[PDB]
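J.: For this one, chain A is given, so just place chains B, C, D, E, F and G with the ligands on it according to the hints.
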Amino acid sequence: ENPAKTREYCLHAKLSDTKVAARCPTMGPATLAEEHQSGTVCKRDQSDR
Amino acid sequence: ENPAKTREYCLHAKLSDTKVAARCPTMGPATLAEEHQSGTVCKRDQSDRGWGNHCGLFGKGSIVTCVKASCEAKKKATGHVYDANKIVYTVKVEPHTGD
Amino acid sequence: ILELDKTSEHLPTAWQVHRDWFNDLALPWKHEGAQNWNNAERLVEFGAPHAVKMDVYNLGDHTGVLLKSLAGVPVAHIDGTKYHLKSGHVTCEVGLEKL
Amino acid sequence: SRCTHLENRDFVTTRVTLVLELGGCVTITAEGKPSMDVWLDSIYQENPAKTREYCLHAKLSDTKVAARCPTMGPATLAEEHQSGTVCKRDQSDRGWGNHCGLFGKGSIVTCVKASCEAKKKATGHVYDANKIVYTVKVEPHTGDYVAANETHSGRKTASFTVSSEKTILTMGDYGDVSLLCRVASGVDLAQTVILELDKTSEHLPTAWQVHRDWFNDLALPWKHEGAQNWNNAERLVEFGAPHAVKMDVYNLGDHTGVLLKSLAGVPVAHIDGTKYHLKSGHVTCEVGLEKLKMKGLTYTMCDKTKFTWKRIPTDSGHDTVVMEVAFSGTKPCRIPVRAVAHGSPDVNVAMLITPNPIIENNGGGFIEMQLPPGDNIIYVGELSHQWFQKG
Amino acid sequence: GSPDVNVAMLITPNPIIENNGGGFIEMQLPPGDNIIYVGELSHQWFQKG
Amino acid sequence: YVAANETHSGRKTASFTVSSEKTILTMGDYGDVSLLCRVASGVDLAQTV
Amino acid sequence: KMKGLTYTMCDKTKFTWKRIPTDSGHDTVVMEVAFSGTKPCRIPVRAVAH
Ligand SMILES: *[C@@H]1O[C@H](CO)[C@@H](O)[C@H](O)[C@H]1NC(C)=O
Ligand SMILES: *[C@@H]1O[C@H](CO)[C@@H](O)[C@H](O)[C@H]1NC(C)=O
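Residue numbers (the UniProt record's numbering), protein chains in the order written: chain A, 331 to 379; chain B, 331 to 429; chain C, 479 to 577; chain D, 281 to 293, 299 to 676; chain E, 628 to 676; chain F, 430 to 478; chain G, 578 to 627.
For reference, chain A alone in the conformation it holds in the complex:
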């Protein structure tokens, strides 16, 4: 009767509120407040400017 739940997995993500920030070739790292929040995925990358 009612065995204990271990890990849940997610099969299909729901994505909302995309944001972008960028900087010029010597202004160091671009940043967003959403890098320091729960429930966000972020990527940091380099772009030819």
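Hints in this document: simulated from the structure, not taken from any laboratory.
The beta-carbon is built from N, C-alpha and C at its ideal position, and this holds for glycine as well.
Some hints here could point you the wrong way.
Taking CB as the label site, the calculated pair distances span [claimed, not checked]:
no.	chain 1	residue 1	chain 2	residue 2	range
1	G	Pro598	E	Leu668	36 to 42 Å
2	D	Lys576	F	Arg467	40 to 46 Å
3	D	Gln513	F	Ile453	45 to 51 Å
4	C	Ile556	D	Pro552	42 to 48 Å
5	E	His670	F	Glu435	33 to 39 Å
6	B	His426	A	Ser377	42 to 48 Å
7	A	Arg353	C	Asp483	25 to 31 Å
8	A	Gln376	B	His426	54 to 60 Å
9	B	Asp375	E	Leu668	56 to 62 Å
10	C	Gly511	B	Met357	22 to 28 Å
11	G	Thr590	F	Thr452	41 to 47 Å
12	A	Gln376	B	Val423	46 to 52 Å
13	G	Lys578	F	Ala433	24 to 30 Å
14	C	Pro552	G	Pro598	52 to 58 Å
T.: Below, chains B, C, D, E, F and G with the ligands alone, put in the same frame as chain A:
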């Protein structure tokens, strides 16, 4: 004049808001909202638990601790970098007179 | 140009330091206008877990660690906004033919 | 049982010799005597004797410079004699335009009054084998369970020192136990300094158990207790290269982090006001069970039908099973506890670490036992529980 | 010598006072100088050898 | 400086009998000092009249 | 405990010999100075080998 600030370093941390959460050996990971806030340091580890450790089972329980960590006032080492398009060399000349 | 507290009465205003070595300083760091320190872990130790404790320890002021690694290093003067090298050189041609 | 609270434990079978350690516990057992949990609770001293103070951050003030032209002999200051000054004597390239009459190496001297900055001291203390106290604790291994943050009302304490003597503790109803701990067989205290910093630092250890020679070997400015000036104050001051009639004095900054970085692989030590505690150390101690008594051997067995589990049989993580039962009456009772293998169909194999388990009004429900490997059934009257034992 | 170790090897073991009794004590001691104590009573003792 | 016929204020006196242990003398502003003189290892009284 | 480690140095100009440096008969030198200020002080004593 005013060469570009590069990376600042912090020489002395100001540590605050040490928060702990822990769980019994079956219940998986302990958690804090700190772990996701800005300006925190955290560690996750395993702590021995048992009966009387106010816990059901003898084993290792997940523990997480997080400390809020700003820089101490005026304890910064700032770097600056020169620009070949704004640097000035100064050359001086004097006539080798009898003065 | 490495710069600490400009108001330090018993230190150089700055030091002329190598770019790779500066990027190898083992401390928490951030860029100009960034709000919070990268690698804040570097100034915090966690004491081995005890039941529902893990011990947050501030690893102290690293200023003297830096100054030992800056012993004998070339100074740089800072005349307000002007950041001056105190070692280095330039190549010139001097025209004597109209003296 | 306090010895269930620790993952370091041992078991021993009328007098017995033990080694008792900080961060260790022994469940003593004997035929027809109640078992006892015994540990070294603390090693400490009230206000141990100071050794050397060190300064971690110098304070420099009243800088003075004097210089002399290339042949007028050595420059001098009265401050080169005075106590609590750091000085450097050097040569300066002088000439005309520095307003000498001549070109060559002048003499320059610079001196500064060099104290130590407020609370920036590392202080050593050392233990005395004739004033150090070893606290040993004992509790009767009754059928009562208390948390780590609870206290067996039967928990009893003995303090050992070179002047202390073979001590008898009355274990309440469980008779009495005789204890003789040889403090001279314990820690080699001469090899240790209790290194201390600012005690008030919220995010640091109160002290460190450093080696004796290492504390004498530190390259810092230093003094013995109550002296008003610092030996070797050069160790926090650099002097610049001289320029004409000037030389710069550089304060080498706070060495607190330099020391803390070097305190790697070093055991912490605890300070409780005036009490300075070690957190590693041990004593050879001799225990006697001759006057211990089992409670309630005259009681009836409790009614086998009237038990319930309060804590189902659970592995302690030692080789022992632990459990707690609740009985519906309030009767003083023996508990009918047994265990039988899935093998020999009726032979009892419950090797109790809690011998002669008994219930009393508001006590006695807890039991600890060792078992043989493979499947068993544990029984506590009409309570039963199958048990696979590891092997 | 040893500044606090008790060396009073009592021939009268567990000495006790009672109303109108118990004041007498006999002991063996190690050779050389000692101090005997009976509370705040003290007495230096050179033992023969 | 006081002459041999003159008393120094901080002169402090301890009278070692056989009934005597480590004795504390308060040296005014100079703190405390303590003495234990071992009277049975002084003069050989049995040989002396 | 040392008395007076905390006191200021006395004014170097205000000393006079009351008993000039004298050989004690032991290996030591003894002397006594009179100081004309009223102050509690440390004495700025030193000696220099040629
Ligand atoms: C012991 O600690 C536990 C921690 O969960 C707490 O629930 C319990 O009330 C404590 N007992 C007492 C009275 O200190
Ligand atoms: C000691 O003798 C001297 C003379 O030699 C005398 O002047 C002095 O009063 C005597 N007593 C004291 C207390 O100095």
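J.: If any of the earlier hints don't hold here, list their numbers in rising order.
T.: Numbers 1, 3, 6 and 10 - these are the hints that the structure violates, sorted from lowest upward.
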